[PDB]
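Trainee: Spelled out, the chains give:
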Amino acid sequence: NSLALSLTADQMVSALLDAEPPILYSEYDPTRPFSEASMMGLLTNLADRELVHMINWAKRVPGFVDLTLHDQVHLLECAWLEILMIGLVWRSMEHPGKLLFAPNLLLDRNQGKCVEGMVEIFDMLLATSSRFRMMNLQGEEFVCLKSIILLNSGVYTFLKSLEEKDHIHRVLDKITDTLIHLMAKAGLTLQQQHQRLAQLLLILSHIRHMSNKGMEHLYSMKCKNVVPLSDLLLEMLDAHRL
Amino acid sequence: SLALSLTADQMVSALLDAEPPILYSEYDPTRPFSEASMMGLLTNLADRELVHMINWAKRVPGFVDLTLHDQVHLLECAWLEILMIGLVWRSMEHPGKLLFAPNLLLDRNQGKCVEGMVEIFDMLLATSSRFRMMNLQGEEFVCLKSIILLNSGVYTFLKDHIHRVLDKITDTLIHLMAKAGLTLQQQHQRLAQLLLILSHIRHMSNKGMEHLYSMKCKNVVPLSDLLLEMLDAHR
Amino acid sequence: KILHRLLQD
Amino acid sequence: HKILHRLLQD
Ligand SMILES: Cc1cc(O)ccc1C1=C(c2ccc(O)cc2C)[C@H]2[C@@H](S(=O)(=O)Oc3ccc(O)cc3)C[C@@H]1[S@@]2=O
Ligand SMILES: Cc1cc(O)ccc1C1=C(c2ccc(O)cc2C)[C@H]2[C@@H](S(=O)(=O)Oc3ccc(O)cc3)C[C@@H]1[S@@]2=O
Numbered sequence: 001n002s003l004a005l006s007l008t009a010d011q012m013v014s015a016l017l018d019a020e021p022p023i024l025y026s027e028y029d030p031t032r033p034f035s036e037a038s039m040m041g042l043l044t045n046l047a048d049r050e051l052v053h054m055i056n057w058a059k060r061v062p063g064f065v066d067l068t069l070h071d072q073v074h075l076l077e078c079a080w081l082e083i084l085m086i087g088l089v090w091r092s093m094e095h096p097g098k099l100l101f102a103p104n105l106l107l108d109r110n111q112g113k114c115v116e117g118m119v120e121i122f123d124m125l126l127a128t129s130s131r132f133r134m135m136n137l138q139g140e141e142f143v144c145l146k147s148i149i150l151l152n153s154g155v156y157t158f159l160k161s162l163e164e165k166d167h168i169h170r171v172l173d174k175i176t177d178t179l180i181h182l183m184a185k186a187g188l189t190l191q192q193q194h195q196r197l198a199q200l201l202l203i204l205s206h207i208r209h210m211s212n213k214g215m216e217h218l219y220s221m222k223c224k225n226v227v228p229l230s231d232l233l234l235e236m237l238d239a240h241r242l
Numbered sequence: 001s002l003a004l005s006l007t008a009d010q011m012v013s014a015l016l017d018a019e020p021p022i023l024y025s026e027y028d029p030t031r032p033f034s035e036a037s038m039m040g041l042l043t044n045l046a047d048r049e050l051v052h053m054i055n056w057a058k059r060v061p062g063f064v065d066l067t068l069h070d071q072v073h074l075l076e077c078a079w080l081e082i083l084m085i086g087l088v089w090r091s092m093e094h095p096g097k098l099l100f101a102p103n104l105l106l107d108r109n110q111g112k113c114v115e116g117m118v119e120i121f122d123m124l125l126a127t128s129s130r131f132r133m134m135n136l137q138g139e140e141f142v143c144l145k146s147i148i149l150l151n152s153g154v155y156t157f158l159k160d161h162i163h164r165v166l167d168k169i170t171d172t173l174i175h176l177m178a179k180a181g182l183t184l185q186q187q188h189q190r191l192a193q194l195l196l197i198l199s200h201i202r203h204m205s206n207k208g209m210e211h212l213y214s215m216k217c218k219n220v221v222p223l224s225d226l227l228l229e230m231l232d233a234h235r
Numbered sequence: 001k002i003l004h005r006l007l008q009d
Numbered sequence: 001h002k003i004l005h006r007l008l009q010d
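Chains as they are written, first to last, in our numbering: chain A, 1 to 242; chain B, 1 to 235; chain C, 1 to 9; chain D, 1 to 10.
Among these hints, one or two may not hold up.
What the hints assert, rightly or not - Only part of the chain B face toward chain D is listed, based on derived beta-carbon distances under 7 Å:
1) 54
2) 71
3) 72
4) 226
5) 229
Unchecked claim - The list that follows gives simulated cross-link-like pairs (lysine-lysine, DSS-like), each with its CA atoms no further than 27 Å apart:
6) 165(A) x 59(A)
7) 112(B) x 97(B)
8) 97(B) x 165(A)
9) 207(B) x 224(A)
Since the hints were derived computationally from the structure, they do not count as laboratory data. Think of the CB as a built atom: it goes at the ideal place given N, C-alpha and C, for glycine as much as any other residue.
Produce the complete structure using the sequences and hints provided.
Mentor: Dropping the structure here:
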């Protein structure tokens, strides 16, 4: 009906920055290495708490509140892990060779071995993080990307009165406008702007890929009855199966 | 090195010229299909399309510059995405339908024969409709397909050349849009819209791989040794 | 549906 | 040993 469509680029950034969730701590109590069951419990606990914050963060994403409850639910069920992943990668940027799950929980690929098959996803997360650092990704750019994920990943799976999927593309289009605005500000030529824009949107494909692979491993988790997943995670997880 | 010297038009012409041919499905009426038969037909078709993709790839400017093992990696990563975007492209003029081959035009009701193919079917259809509403041009499509090839496996390596090539293709896409008369804003908006669809194609591929593996383990229809090798790379 | 609930709020 | 190897060689 309105809202986000009347936002200047600068205003877009402001709202997105101001909406950022906090960096959570883990219950990570060092002393002794401890097992895959513990590491998974730590990560699960952390992820579950992050989801709660992500959910209230989405409400603050321009245009999201314009959506029907069912459509908000769909977008998040599709995008949650992608959003957690890009967040993890972003906060891990200046920690080459390590993932910063929490300020008190920094891990290298060797510690990822603790969990079967988690190493594969670990390496891809590191590779994404190295990419961002190579590109010198900016905070203002990161928040745009994260919102793009939220709006984009669930759209092509939405019919008579769709035509409000057009509202989502309208918003996505303004976020694109914002990205360009930012880049032109940093001294880039048009050619440079379009190239960087492409480079950033291409990374999203890889994040989609990481999420898919991650989901498969998560589902695996539950059925293995290894470490009990949170009710919220089980809910989200069942969305990518039925 | 050669690929970087090409003008935008030379890149477009090179990519168009390299397009693989449209193949036909093993003929024969016998309607309707069973799970086994349909899977038989699609498998045989996918296998022959693969062979052509592998030769199309070599004609992707700058792809030959890569070492063998790097070529293998990109193809093993991107093959199903590439078949998928091709299937979607030739299905555009057939709203509600997927044109697997000129003599194999299917609707979703037909895809329900096979276990969980309708899921992917509906996604492919949605991709087609998206392409139609955007009015995807053939020149844009070929750029998108090579981008997929160069990008999908790029971050599972250990790549500077490849990225320079990807940039070259970005310039080519913008170059195209400018000719169509699109204003600056329309140009980056369309660029993003196009590239974002790649994320969904990736999603379809991932979901697709899981189902192929399932069929393999189910052993309902023997997969070709080539498909098997391409599949095992994703596990 | 929790997400539903959390969102509703 | 890959079939893919052969098809790329040719
Ligand atoms: C991305 C992420 C963000 C977080 O805030 C916390 C964890 C994670 C990831 C994982 C994870 C672990 C437990 C859990 O309940 C939920 C998640 C999302 C693991 C993985 S995964 O869950 O996406 O894939 C798995 C899952 C299980 C497994 O044994 C191996 C990989 C990515 C990162 S860490 O490498
Ligand atoms: C994309 C594509 C191109 C072709 O030339 C032929 C088939 C396909 C697709 C599928 C397929 C089927 C059998 C096979 O041996 C190989 C492929 C690639 C199926 C799917 S899929 O392979 O990506 O996912 C599956 C696979 C098996 C299944 O039972 C359900 C979905 C997309 C289209 S059709 O819907």
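Trainee: For each hint, tell me whether it holds in the structure or not.
Mentor: Checked hints:
For residue 54(B), the shortest C-beta to C-beta distance to chain D is roughly 5 Å, which falls under 7 Å, so the interface hint holds. Interface restraint check: residue 71(B) against chain D, minimum CB-CB distance 6 Å, threshold 7 Å, status holds. With 7 Å as the threshold, the beta carbon of residue 72(B) comes within range of chain D, its nearest partner Cβ sitting at about 6 Å, so the hint holds. Below 7 Å, beta-carbon pairs count as interface contacts, and residue 226(B) has one with chain D at about 5 Å; its hint therefore holds.
Taking 7 Å as the C-beta contact cut-off toward chain D, the hint placing residue 229(B) at the interface holds, the least distance being around 6 Å. With a C-alpha separation of about 17 Å, the suggested pair residue 165(A) and residue 59(A) falls inside the 27 Å cut-off, and the hint holds. Our distance criterion of 27 Å between C-alpha atoms is met by residue 112(B) and residue 97(B), whose separation comes to about 14 Å. With a C-alpha separation of about 22 Å, the suggested pair residue 97(B) and residue 165(A) falls inside the 27 Å cut-off, and the hint holds.
This hinted pair checks out: residue 207(B) and residue 224(A) have alpha carbons roughly 21 Å apart, not beyond 27 Å.
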